Amino acid sequence: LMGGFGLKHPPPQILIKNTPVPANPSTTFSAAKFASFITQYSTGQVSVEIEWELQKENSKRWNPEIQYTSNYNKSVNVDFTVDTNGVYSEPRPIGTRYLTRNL
Amino acid sequence: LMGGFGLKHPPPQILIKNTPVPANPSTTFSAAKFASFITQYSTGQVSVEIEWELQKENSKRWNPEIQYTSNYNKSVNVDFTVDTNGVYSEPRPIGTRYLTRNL
Amino acid sequence: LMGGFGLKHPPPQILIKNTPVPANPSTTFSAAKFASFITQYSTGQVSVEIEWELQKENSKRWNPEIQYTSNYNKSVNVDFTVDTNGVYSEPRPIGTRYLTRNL
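Order-wise, the sequence lines are chains F, A and E. Quick note: to get the authors' numbering, add 632 to the position in the first sequence (first position is 1). Quick note: to get the authors' numbering, add 632 to the position in the second sequence (first position is 1). Quick note: to get the authors' numbering, add 632 to the position in the third sequence (first position is 1).
A portion of the hints provided could be inaccurate.
Which copy? The list can't say, so a pair holds if one copy fits it or any two copies do.
With a Cα cut of at most 35 Å, we get these calculated DSBU-like pairs of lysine-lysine [what the hints assert, rightly or not]:
| hint | residue 1 | residue 2 |
| --- | --- | --- |
| 1 | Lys640 | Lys688 |
| 2 | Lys665 | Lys692 |
| 3 | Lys649 | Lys665 |
| 4 | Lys665 | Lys640 |
| 5 | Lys649 | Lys692 |
| 6 | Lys640 | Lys706 |
| 7 | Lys665 | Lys706 |
Hint data in this document are derived by calculation from the structure and do not stem from the laboratory.
Using the sequences and the hints given, assemble the complete structure.
This is the structure we're talking about:
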């Protein structure tokens, strides 16, 4: 209902966790499990690549279509670009339906 | 200066004419050339086909371009279409420069 | 909903037109398009042939079916036939459901 491609076998979930590292266990033995660990985090790059297939547009309509066009009027901030403080902002939602096929 | 492709050898001119047909020459001989012909014209289809080569657009610009878009507001006559009397009309001149390359 | 076979690729439309023939263009040149043509029409035969596939009736019902039967009573005009003035007329609509299969 939200949108997109209903799949029976979606791209599988990728779960990730830091392996816990204990911290300074006492010398004498105790059965209770460790309540204290090294405080640590991890970081690194992630690369996702998807190959899309397209349906080429083949039509005979005479007059020109509607297209998605960023307006040419001068403004303080360009759309879809960083501002002066570095905060990237999307100005408006972009639907996918512009080209016109006859019903 | 007007625009387009300066060529040293342009597509050659194609000239066409109806061959004149005399009309009822008098029996006795006269040297003066014929002043009177059958009144006739000719008609038929003409087919011109040109093969254009393109330069594909390869850019990395992040934000969206400007495109040529027919406005979606309701109007008496659609643009680039016949009117109710059958007269085809071009609403406005369309320049070719929209896509943006860095200088 | 009306009836028949929903198709995704129907038999394609066949469009036909008389090529317009101009009539007596004036000698001096004028850019405006021709407003006057020869008045002409065309005619000829058209042949459509369709190959239908059937599902043969295989049943074991003991007693006789219902069939579509033109009544044998005498009448002024036979059904599905021309009248005395030559006007072909279909007397009644003929549905396709007569043979009986068990549900």
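Of all the hints numbered above, which does this structure not satisfy? Sort the numbers upward. none
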